[PDB]
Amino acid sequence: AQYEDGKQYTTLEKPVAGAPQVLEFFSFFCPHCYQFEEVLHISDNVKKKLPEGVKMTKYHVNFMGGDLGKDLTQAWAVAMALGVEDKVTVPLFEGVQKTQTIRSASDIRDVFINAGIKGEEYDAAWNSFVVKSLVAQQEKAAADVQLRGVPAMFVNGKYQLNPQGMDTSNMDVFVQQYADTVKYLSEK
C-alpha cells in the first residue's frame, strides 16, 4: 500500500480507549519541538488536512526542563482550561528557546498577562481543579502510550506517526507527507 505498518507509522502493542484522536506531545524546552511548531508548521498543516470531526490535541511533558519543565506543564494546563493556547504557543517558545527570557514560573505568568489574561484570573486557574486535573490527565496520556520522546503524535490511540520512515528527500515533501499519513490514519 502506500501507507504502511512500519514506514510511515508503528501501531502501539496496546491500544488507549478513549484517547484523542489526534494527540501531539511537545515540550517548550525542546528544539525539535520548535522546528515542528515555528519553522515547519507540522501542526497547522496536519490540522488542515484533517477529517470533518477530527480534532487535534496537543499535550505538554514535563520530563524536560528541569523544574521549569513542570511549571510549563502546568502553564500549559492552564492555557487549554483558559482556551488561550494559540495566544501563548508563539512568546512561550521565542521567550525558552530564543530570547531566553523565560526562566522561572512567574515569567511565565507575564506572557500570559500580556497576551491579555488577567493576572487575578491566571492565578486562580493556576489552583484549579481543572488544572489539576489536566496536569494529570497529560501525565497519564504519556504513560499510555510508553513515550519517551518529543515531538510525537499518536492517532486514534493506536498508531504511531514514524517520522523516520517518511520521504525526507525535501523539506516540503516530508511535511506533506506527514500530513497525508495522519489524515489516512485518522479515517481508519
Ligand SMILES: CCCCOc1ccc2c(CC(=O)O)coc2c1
Given for the second form:
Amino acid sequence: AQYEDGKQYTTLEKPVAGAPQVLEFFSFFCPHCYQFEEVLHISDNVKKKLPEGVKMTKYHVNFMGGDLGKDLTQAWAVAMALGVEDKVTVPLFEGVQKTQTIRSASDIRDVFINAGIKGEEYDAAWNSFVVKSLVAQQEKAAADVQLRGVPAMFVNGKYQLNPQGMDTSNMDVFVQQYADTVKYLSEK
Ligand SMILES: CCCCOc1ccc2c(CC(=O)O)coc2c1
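Condition change, the form solved without the ligand to the form deposited with the ligand bound:
Starting with the chain above, the whole complex follows.
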C-alpha cells in the first residue's frame, strides 16, 4: 500500500480508548520540537488538512531536562489553563534552546510576565489544583503509551506518526507528507 505500517506510521500494540483525536507531545528541551514550532509549523499545517472543528491537543513531557523539565510541564499546564499557549510557546522555546536564559522556575515565570500575564494571575494558576490536575492529565496521556521520544503525534489513540520514514531533503515536502499522513490516519 501507499501508506504502510512501519513507514509513515506505526500502530500501537495497546490502543488507548477515549484518547484525543490528534494528540501531540513535545518538550521545550527537544530540538526537533523547536523546529516543529518555528521552522515547520507542524501543528498549524496539520490543522489545515483536517476538517474544521477537529480537536487537537498538545501536551508537554517530563523526561527531558530533570527538575526544569517538570517545571515546564507545570508551566504548560498554566499556559493551557489561562489560554496563553500562543503567547508563550516561542519565548519558552527560545529561552530554553536559543538564549539559554531559562534556568529556573523564576525564569519561566519571567517569560509569562514579559508576555503580559499578570504576576498574581500566573502565581494563582501555578499553585491551583486545576493546574495540578492538568499536570496529571499530561503525565497520564504520555504514560498511556510509555512515551520515550518527542515530538510525537498520536491519532485516535491508535496510530503513531513516524517522521523518520518521511522525506527530509525538502522542509515543505516533509510537512506535507506529515500532514497528509495525519489526514489518512484520521480517516481510518
Ligand atoms: C523521537 C526520536 C527522534 C526520531 O524521530 C524523528 C526523526 C526525524 C525528524 C525530522 C526531520 C526534519 O524535519 O529536519 C523532524 O522530526 C523528526 C523526528
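Positions refer to the first chain, counted from 1. Only the largest set of C-alpha atoms that superpose within 1.5 Å between the two forms is called the rigid core.
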| query | finding |
| --- | --- |
| CA of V22, rigid core aligned, shift of 2 Å or more between the two forms | no |
